[PDB]
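Spelled out, the chains give:
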Amino acid sequence: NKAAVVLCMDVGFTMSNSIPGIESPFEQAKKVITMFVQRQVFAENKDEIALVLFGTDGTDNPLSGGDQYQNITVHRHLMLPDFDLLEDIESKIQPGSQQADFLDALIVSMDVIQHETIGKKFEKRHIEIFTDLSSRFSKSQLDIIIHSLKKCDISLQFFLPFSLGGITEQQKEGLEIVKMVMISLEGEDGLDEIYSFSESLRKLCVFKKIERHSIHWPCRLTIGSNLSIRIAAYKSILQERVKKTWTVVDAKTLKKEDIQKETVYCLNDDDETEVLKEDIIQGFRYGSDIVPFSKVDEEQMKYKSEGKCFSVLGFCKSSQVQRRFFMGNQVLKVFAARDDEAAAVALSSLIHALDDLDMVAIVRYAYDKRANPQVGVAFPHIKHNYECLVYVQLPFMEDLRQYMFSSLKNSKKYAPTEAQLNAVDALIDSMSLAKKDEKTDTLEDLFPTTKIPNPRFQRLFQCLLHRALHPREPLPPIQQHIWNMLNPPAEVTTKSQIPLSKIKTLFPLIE
Amino acid sequence: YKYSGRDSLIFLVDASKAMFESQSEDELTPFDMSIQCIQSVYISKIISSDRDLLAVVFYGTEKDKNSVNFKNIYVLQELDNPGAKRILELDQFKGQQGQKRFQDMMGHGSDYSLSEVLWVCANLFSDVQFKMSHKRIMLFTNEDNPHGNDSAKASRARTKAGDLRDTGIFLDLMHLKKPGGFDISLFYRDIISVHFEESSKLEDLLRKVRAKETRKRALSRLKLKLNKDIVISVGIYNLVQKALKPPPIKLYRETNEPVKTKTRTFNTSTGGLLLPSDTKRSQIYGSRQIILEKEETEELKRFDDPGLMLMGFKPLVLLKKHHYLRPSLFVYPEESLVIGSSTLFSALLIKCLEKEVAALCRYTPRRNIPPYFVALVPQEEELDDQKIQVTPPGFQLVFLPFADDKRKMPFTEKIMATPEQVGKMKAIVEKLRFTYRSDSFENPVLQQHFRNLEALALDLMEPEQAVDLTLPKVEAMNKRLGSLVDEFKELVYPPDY
DNA sequence: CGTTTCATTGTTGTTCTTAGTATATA
DNA sequence: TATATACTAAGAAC
Numbered sequence: 006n007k008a009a010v011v012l013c014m015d016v017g018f019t020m021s022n023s024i025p026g027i028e029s030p031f032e033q034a035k036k037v038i039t040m041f042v043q044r045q046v047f048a049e050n051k052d053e054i055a056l057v058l059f060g061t062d063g064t065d066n067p068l069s070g071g072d073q074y075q076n077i078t079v080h081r082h083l084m085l086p087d088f089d090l091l092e093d094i095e096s097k098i099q100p101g102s103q104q105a106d107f108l109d110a111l112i113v114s115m116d117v118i119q120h121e122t123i124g125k126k127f128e129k130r131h132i133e134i135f136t137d138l139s140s141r142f143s144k145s146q147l148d149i150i151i152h153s154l155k156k157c158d159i160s161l162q163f164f165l166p167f168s169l170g196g197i198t199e200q201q202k203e204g205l206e207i208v209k210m211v212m213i214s215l216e217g218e219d220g221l222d223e224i225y226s227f228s229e230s231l232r233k234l235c236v237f238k239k240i241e242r243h244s245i246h247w248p249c250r251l252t253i254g255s256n257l258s259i260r261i262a263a264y265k266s267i268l269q270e271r272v273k274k275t276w277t278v279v280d281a282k283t284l285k286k287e288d289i290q291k292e293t294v295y296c297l298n299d300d301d302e303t304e305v306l307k308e309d310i311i312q313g314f315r316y317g318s319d320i321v322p323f324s325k326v327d328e329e330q331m332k333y334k335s336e337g338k339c340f341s342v343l344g345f346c347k348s349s350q351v352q353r354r355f356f357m358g359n360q361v362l363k364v365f366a367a368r369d370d371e372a373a374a375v376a377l378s379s380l381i382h383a384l385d386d387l388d389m390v391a392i393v394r395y396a397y398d399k400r401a402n403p404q405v406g407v408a409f410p411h412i413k414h415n416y417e418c419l420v421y422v423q424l425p426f427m428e429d430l431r432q433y434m435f436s437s438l439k440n441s442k443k444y445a446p447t448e449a450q451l452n453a454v455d456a457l458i459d460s461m462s463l464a465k466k467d468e469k470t471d472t473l474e475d476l477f478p479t480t481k482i483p484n485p486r487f488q489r490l491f492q493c494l495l496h497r498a499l500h501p502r503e504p505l506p507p508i509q510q511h512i513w514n515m516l517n518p519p520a521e522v523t524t525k526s527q528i529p530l531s532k533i534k535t536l537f538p539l540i541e
Numbered sequence: 030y031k032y033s034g035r036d037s038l039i040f041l042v043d044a045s046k047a048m049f050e051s052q053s054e055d056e057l058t059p060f061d062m063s064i065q066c067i068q069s070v071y072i073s074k075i076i077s078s079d080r081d082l083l084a085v086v087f088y089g090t091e092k093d094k095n096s097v098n099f100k101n102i103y104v105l106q107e108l109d110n111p112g113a114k115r116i117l118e119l120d121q122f123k124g125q126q127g128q129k130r131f132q133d134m135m136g137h138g139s140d141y142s143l144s145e146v147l148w149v150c151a152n153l154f155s156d157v158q159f160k161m162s163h164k165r166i167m168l169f170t171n172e173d174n175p176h177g178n179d180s181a182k183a184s185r186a187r188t189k190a191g192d193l194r195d196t197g198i199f200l201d202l203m204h205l206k207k208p209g210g211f212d213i214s215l216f217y218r219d220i221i222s231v232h233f234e235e236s237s238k239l240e241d242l243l244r245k246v247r248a249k250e251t252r253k254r255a256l257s258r259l260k261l262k263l264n265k266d267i268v269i270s271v272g273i274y275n276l277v278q279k280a281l282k283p284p285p286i287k288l289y290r291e292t293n294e295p296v297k298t299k300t301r302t303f304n305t306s307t308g309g310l311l312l313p314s315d316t317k318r319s320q321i322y323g324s325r326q327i328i329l330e331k332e333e334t335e336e337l338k339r340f341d342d343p344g345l346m347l348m349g350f351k352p353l354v355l356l357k358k359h360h361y362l363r364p365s366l367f368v369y370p371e372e373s374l375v376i377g378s379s380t381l382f383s384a385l386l387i388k389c390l391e392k393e394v395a396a397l398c399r400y401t402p403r404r405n406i407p408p409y410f411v412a413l414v415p416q417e418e419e420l421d422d423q424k425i426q427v428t429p430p431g432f433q434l435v436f437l438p439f440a441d442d443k444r445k446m447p448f449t450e451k452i453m454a455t456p457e458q459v460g461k462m463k464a465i466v467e468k469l470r471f472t473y474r475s476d477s478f479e480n481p482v483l484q485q486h487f488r489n490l491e492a493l494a495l496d497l498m499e500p501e502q503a504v505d506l507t508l509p510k511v512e513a514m515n516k517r518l519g520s521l522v523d524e525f526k527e528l529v530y531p532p533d534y
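Top line first, the protein sequences correspond to chains K and J. Take the first sequence: its letters are residues 6 to 170, 196 to 541, numbered as in PDB author numbering. Take the second sequence: its letters are residues 30 to 222, 231 to 534, numbered as in PDB author numbering.
These are computed hints drawn from the structure, not numbers from a lab. In this text, a Cβ means the ideal position worked out from N, Cα and C, and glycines have one as well. Do not rely on the hints blindly, as some may be mistaken.
[As the list claims (entries may be wrong)] BS3-like mimics (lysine-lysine), calculated; alpha carbons at most 25 Å apart, straight line: (1) J:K445 with K:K413; (2) K:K525 with J:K238; (3) J:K357 with K:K239; (4) K:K465 with J:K357; (5) J:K245 with J:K123; (6) K:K274 with J:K331.
[Claimed, not checked] Now the in silico label distances, taken between C-beta atoms and shown as ranges: (7) J:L495 with K:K286: 47 to 53 Å; (8) J:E250 with K:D475: 38 to 44 Å; (9) K:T472 with J:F199: 42 to 48 Å; (10) J:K451 with K:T472: 19 to 25 Å; (11) K:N298 with J:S33: 26 to 32 Å; (12) J:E294 with K:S437: 48 to 54 Å; (13) K:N6 with J:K299: 54 to 60 Å; (14) K:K273 with J:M453: 36 to 42 Å; (15) J:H163 with K:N298: 35 to 41 Å; (16) J:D219 with K:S437: 32 to 38 Å; (17) K:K443 with J:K299: 50 to 56 Å; (18) J:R404 with K:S324: 39 to 45 Å; (19) K:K273 with J:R404: 22 to 28 Å; (20) K:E49 with J:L390: 43 to 49 Å.
Sequences and hints are given; from them, build the entire structure.
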């Protein structure tokens, strides 16, 4: 997939003044565009960015005219984002003293897209305009503009100082015009395409999520020996690691090729050096001694397999397996290979039967040849959009461990007295992060942890920024929004003072 | 027990003419049975607990050597870490030709005295220096009365055996086989810790397993703190680990010596030698290059001091199976660090169990690690089958995935089935029932790798080529369910594949 | 006063890294 | 036909 980005900011005069209690739309949307460029910089996505800082005291645009396409400075055309562009935006921008129309800039960016998005392969186009709606605009080309946006496949969004839920009549009629235009583009849902500037901060503050496409792995779901079904396996949860590694580079020269991580194999006697990649043969420890195994004998005596071999070993009760024992690296999602409906309905029969009879399947698994086989739970899942089945590694016997762990109900030496018990009751009721809402028993899960970005990547991108935007400078601390993000929502902490206080007088806390 | 200590098992077989050639029939032989048992258990212990100690020592023989130069005692291989050099020594005796070798090298089996046998095997345990976790002696005999002739020998036998019982050493016999004379109340009810002619206790010593174990090994102790002031001591333990094959060691091609890898890094422009301070980390973004300290590339992870951060609590239905991320772990208090914290741990566990509610936490296993979100879902203990620990009581560690893990699925529409197919699938899924047990299966790869390891260690006449329950038993599925595959075909299958 | 013995502190296993090979996709 | 994108599978580091 591909996308084209053309941001449009105004550099007029009105945004140079605002209420002293709130930052001006100039600097507000300025921080917004800065950190948006940050987003599409860190993400390696092939999105190409262009900038139009219209409302200029001059006019530097390919469509310059006396009154047609006037007061526009195209910052740079539709190419890849890069740091120096961000720095120049942070610096080169200047407060203005003029006022200019935005439909002008909209058509200018339209022409840029029509002039470049066909010269290079593209799939979907986006136009974004930031302004304060203090312009003098005529509704002449709006029909034609929206027509071209439909034909050129460009989505228009507007971002405005006011909130939908104190502006000039100029701004008010501009807002009505904006509503008309957006509805004239998509429909009644055009209301959602209206955006303020504070909510832009709220919805944008986090760094870009690391989206990760999976692989269409089709497999033959085998049950018995005569009921093969094409099954499409997909990954659901994977411990995500950064894409490209920390390249090791020499100081004061900063070239990668100037370093060799060559390995040399020696002998313990007199430091004799062994020839690197043919005199060594891999051994193994069998008690005291070492057995000269090898690589060729490895490939000859290694265990073999037929291949995909996703074959059902059998069916079992839900409680017959447990949460604890789930031994997977990753959790697959088991869906039908598309375009074969009969397979899908057969799988649906499977899933629903397992669900109502709370039965669970156990299937031999293997991603492919030369890979270790795998046995684990095949759990079925139901969603109103679609039924689901998921596969997880469950342990082999050597993988399971056993421990005594002397029990606790023998607490004649610990003695949880009733005062402590009802104290802990007061706690676990009072710090209850989740509490029922909307009478639908959707508890107060304002800590889902499922929508929350991984702070590791957040810190990594923040570091790369802070030491990219600057030359050598010391690192900053954790941005407070990250900490507020990681910490529980405040009200839970507020409710917690009294119960923890009653804890501190009821237990021993030796050093 | 003390972890660095190790298990020690000594082997001791009646070498008299009694069972050397008992062979009432021609299908077994007690010496060919005892040596088979020793070989099997010892090869299993090779892979299982290679750190432990074994020894084999025969009594009643005619040749002599031991620590004290006594009569009719032979220490075949002393107490030491197990190894192939002794697999072969034991194997040298397996066979009718092998028993001929054994008899004409050590003896037909002379007179003996189990007093002196207990005296001498005690010396063996005393000798070795490593601390011992458990100490067990296995006899191999069927002369259920060692001597009804000299009562003084038998009195000294009770005395010395009781001493060994009080020096920290256990003793055990499996009654192998005898025509009559298959009782333990005759002189042995006071020795070992109704009866028949063969021991079930020796059959399991042929179960021939290649598992491996680690003791009660705390993965990491972290101080769970309820808030900024209340802190309790928790030992993060591991209950499933996904064992990998033991890491191979690089050996020299003829000399089989260790090769002591010596990887390094140095310059290409000059023949210098870069030192760890002399290198910088780097990335490439936005067509511009980045530099940071090797120190800084790990400072970019400093997020919280080690420990556990409890925030609130959740209903166990909201914690979903659908979003497993990593192997779970276990939570159990460790009394050593914060005295009395076990009480608060127990209080939290009991009360959370009572109100059927989860506990959420931030987990920072060590320094330089970003935190994840983990659920302290309590676990009740179950012992019902034989009053032995099955599910340890405490808390899970159900790691909760971060947003960057969801892996947005390529949406496809759904098609309901008709209740006829699901009604027959009810019988389908019923028929293929089988109870699942946690230890039901084995890795074919790990097992086969270990097997090939013994095969090469010994050059035993073929590798074992173990067949393992991982492969399905196809005939069973074709039979016990019937031909209902064609029923579901005629229900929901058009001609195309 | 010298010699011997014993007990304890350093010991690591695990995770992450890079590799390598893998393939289809554009 | 080229390019990278994926994976697993290694490694060693700590």
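Index of numbered hints that the structure contradicts, given in increasing order: 2, 9 and 13
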